[PDB]
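Asks: Each chain, written out:
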Amino acid sequence: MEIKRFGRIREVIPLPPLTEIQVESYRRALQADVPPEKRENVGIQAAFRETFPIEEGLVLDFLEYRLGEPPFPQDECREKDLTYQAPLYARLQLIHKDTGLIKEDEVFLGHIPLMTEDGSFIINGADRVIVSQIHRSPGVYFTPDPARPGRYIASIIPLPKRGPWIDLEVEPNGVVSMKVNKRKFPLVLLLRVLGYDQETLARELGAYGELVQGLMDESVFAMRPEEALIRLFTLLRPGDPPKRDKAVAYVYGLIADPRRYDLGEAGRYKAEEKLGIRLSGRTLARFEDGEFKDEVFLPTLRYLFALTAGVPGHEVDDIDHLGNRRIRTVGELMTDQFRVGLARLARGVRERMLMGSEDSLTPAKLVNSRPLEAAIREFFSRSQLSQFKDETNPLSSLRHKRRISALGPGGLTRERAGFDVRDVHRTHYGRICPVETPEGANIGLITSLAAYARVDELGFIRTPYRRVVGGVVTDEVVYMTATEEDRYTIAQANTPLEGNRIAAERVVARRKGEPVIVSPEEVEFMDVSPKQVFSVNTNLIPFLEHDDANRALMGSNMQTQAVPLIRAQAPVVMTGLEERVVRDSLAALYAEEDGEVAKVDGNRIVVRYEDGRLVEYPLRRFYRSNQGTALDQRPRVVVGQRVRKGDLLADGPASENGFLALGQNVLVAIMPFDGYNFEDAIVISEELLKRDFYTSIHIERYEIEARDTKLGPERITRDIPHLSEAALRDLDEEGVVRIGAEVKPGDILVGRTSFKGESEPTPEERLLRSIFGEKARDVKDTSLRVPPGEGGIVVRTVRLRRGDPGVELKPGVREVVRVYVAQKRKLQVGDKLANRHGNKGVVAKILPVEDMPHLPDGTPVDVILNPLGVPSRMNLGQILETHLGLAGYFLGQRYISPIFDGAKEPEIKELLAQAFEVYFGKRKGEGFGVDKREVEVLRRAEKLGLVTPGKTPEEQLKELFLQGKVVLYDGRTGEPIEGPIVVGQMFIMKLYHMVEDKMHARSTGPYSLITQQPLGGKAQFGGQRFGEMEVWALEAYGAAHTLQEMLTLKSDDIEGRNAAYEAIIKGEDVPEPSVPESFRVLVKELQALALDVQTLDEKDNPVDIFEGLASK
Amino acid sequence: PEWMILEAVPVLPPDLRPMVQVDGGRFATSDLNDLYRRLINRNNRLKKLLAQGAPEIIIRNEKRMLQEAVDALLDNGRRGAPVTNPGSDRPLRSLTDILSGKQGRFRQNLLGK
DNA sequence: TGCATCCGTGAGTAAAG
DNA sequence: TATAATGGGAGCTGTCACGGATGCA
Ligand SMILES: Nc1ccn([C@@H]2O[C@H](COP(=O)(O)CP(=O)(O)OP(=O)(O)O)[C@@H](O)[C@H]2O)c(=O)n1
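Read top to bottom, the protein sequences are chains C and D.
Mapping of the first sequence onto PDB author numbering: residues 1 to 56, 63 to 1118, in sequence order.
At position 4 of the second sequence the residue is numbered 512 (PDB author numbering), and the sequence of numbers has no breaks.
If a hint is listed, it holds; no wrong ones were tucked in.
Here are the simulated DSSO-like cross-link-like pairs (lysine-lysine), alpha carbons at most 27 Å apart as the crow flies:
1) C/185 / C/249
2) C/299 / C/280
3) D/610 / C/1056
4) C/280 / C/188
5) C/1090 / C/1105
6) C/928 / C/938
7) D/610 / C/1024
8) C/832 / C/851
9) D/610 / C/1090
None of these hints come from the bench; they were simulated from the model.
Using the sequences and the hints, build the whole thing.
Replies: The structure is reproduced here in structure tokens:
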């Protein structure tokens, strides 16, 4: 088809590498390609330099580190449930100070997980993503005091867990306090410890409103630095013996130790810029020549007094400004956990250094690598920011990699997050998308990196702008922080240009976010594109400018939920971003150089390049993702094709010829339909199932272990007791189901026998045995069957056995068997559909084609959306899309409509006119006039003011078609819909919330250990929670008996539930219940707290609910 | 009034603080068992330090540690630092925590189930 | 008799996890 | 069962409002 595109804004630069935040952060933190001598003091190298040397006398010093090659490649790690990682070696040397002996060795510290090409990780076989974290940037801030208006708080914040917060405050009594580790003491003492004298403080602070006198204390200057230092140590350590070296050590570690105190390099820069000073290191003070020398404290006190008095050039700081919030990317977070593991390793090192035969101590004899290994393994397996990767579709993974969280280790606790953090700050413009955030509890705390945004080396988010000199728009692009951005008048990207010159007299621009009408002389920069304000997902919404933000959010988020369809299509209306998303997500395959295609296969493509070399690309085929969606690549070239560099070789999942294909293009009619699309429900045509639209492949993994027992071994076997051949039909010789079988609920996938628990058969069992003369077998059936409501076709079996090459299982297990079951899911009643504009609904009715409203030429519509979903939601974009889709149906073309820069109404009307010609002149030629029903609809439309009276039938139908509306016939009667109906092509996705996965029911099943109440969850065959509020509902109805059932017979009245089941299977009425077991647990847990709880009768005489079983 | 002081400390039935083999042969267990073990180790060492006539600093230390053991058993976290298992920041779950809160016995298993 | 100040405690439901 | 050895490390922090007990002037 033809791809017409709209838009008048040329984009100077393309979108940056969309996963660059992840990949570049980790590359910087590892420096694996840098030869050791050339490394910078950043990342894990900086961690090493911080931990080493290790002293006390012996010394252990660090020369360099090196990362070897991964023991196994990525696919092998995914299969074997291994971590994709590199060995970490560190070259260390021991030195005895007195002996001078120097022993040197390269010691092995374990493994570090490597990041894959697309910016993800493979931990224990499952892909994971480390989510960037947003936090308050280190530095010196000045905030208003919420109690005292004319007073201000000075706060000095280092990196997370790199020192204490320090507050300076002007008390009501005039003295300046310093809060540290929650201890308020007069700052004057610490100023004295720094070597400051009353002369210097008087000449430095005398200018300010006599405030310096609140700093004047005679008893402090009466003592030298040492006496003030000991005074401070006593004020900070009640009870600790105030030794001299003890106090020096404590104060140094608190204020000047670069191994304990650390502003970020960003904290360093921001303190320098705020206080107008220069810093030597990243600490507040230093230890020089035996004494303490100030760096930050006096500048901070000066700024504080100046802001308090009111001298100009001093302002309180906005702590939600994106010049004061920075991002902690993958590399920084992993480096922090690495630094903690290193600290523990160093503690162990000194521990072993003190003792031990000091004649023979090598580096290998001093390093226990286990604490470091454990810290890294913890970070990657159980951190709040280490998330199971979302790979429902490729856009899922991309969005996941580009998400920013304010939660997690070092971040905010929920319910401790007011409006301020969750607001979209003015400085979010161009940096953090304003719509892509969750609805619910996390709103405003999980966000997305804007599409043109990059994170600089200091961790602040930067957005690009064009330079504007004398009304001329250069192609020089400048990436700014929000602090930098606030200095300029920045025009809007849509301001009209002739050539490179601003062609408008009045220009819409921003100054510190404030919108302002300005002349071209005043314009300093200009936005790169509207695309730079929104996330990648939001940038996939055509006609975004016509959609209320609350529904754009939903459509944005729900693209992440789209299921790869076997016949997926790209939308007939695109934003122009659908190809970059496929490319950057590493979904599809591309040609590495110009070449001719040698071989093409369902499994592999072989290319001959210009170098004469033969390169073979294997194709991933029907692979199971974290969410169970199928990830297969299909080849799109043919034998002998000439391909240039970057040409498509294979379509990934949810890709159609390199275009992001998250759903189907269906033909939509927007009208009610007999209530079956009431309140967002959707009606679809069976023709969609017929031609396998909205059909998706899903793979489930089942796993079983056979382990050694104290009662004998489990074993995977075909020899399972008490089962017919009917039950064992599709099981191979070894007991594992055969590839290709169709497995339904209850079918065995893997046979297994377990030795019975020690048991004397009840006399009933003995007599039944004697009657039937059959010994009870030693083992019992413990086979892995298909769970309720699941099944499909077996496609893979993995078997690992102890004693087999390359295989070693965890202690105890003899063998492990995994079965992969595929299923082809057609759309069904209950599945969820949605479009990119926030219109979502669940398929409620699938009609046969002859019931579907059809166009006069016999063509039935695909889905019927209800118009009542539009006005309240204000997502008119889906309407315009539909209109354009209509034209595209008959012209046979697709469109690219950039957001805010796309197709307008007149151009859609031109296209619709052309389409109407194709739609109706065909009819007029084929020898048919206007239909009687068309005349009746035209009369109705004429009364509605939709067509002008006195025009011909064809002219009026053309008028309606220009409004996007057509005549529509009811399939059930052949009479027309009394009005003309909006019909057109819409892009609709099938979301991951399919009813096959959610339907669940239970009569009886597993109970919990202590509570004896049903387990929860479909996987546990669990019961529904009938919680406090459901109880209130039953109470308010006065359903005393229904409620008592919930509380006893159906949950944890043991005797009650047993007796109820027996009565029902016998056909009797259920018995009166008795005490719920969890109340007995309450009585006993109160007894465990030395509280006697006694059930009495009306005579105040005790009643035993334990039936004597616990009274001696 | 003196009953607000404990001489004999009660021990919950073992099924209410199980030691169960999970599917696969490993063991899972309630935190009350580690709290009771702390208590019993410190109490036994106190009985031995008494029988062996120890100085006053030592018996005082033992008695302080015993009071805090009981406190952690009953209302861990209430006074002082909360007792944690080795190699984890998670507080152990005492009897008060079992009784109260959103996940406590009343709201989780008695007023709804 | 009155205030500041500190400590303890609670902050939605179901689902999956 | 015997050189002598003699006081510890980790804090970690963007609510919030109320209610009730303690602390000062
Ligand atoms: N965190 C959450 C998320 C969802 N819910 C429940 O799910 C519904 C969402 O309403 P809704 O937003 O879907 C109402 P909508 O259909 O958009 O507009 P309308 O008024 O024109 O009908 C609510 O009625 C809640 O009871 C909740 O309790 N807590």
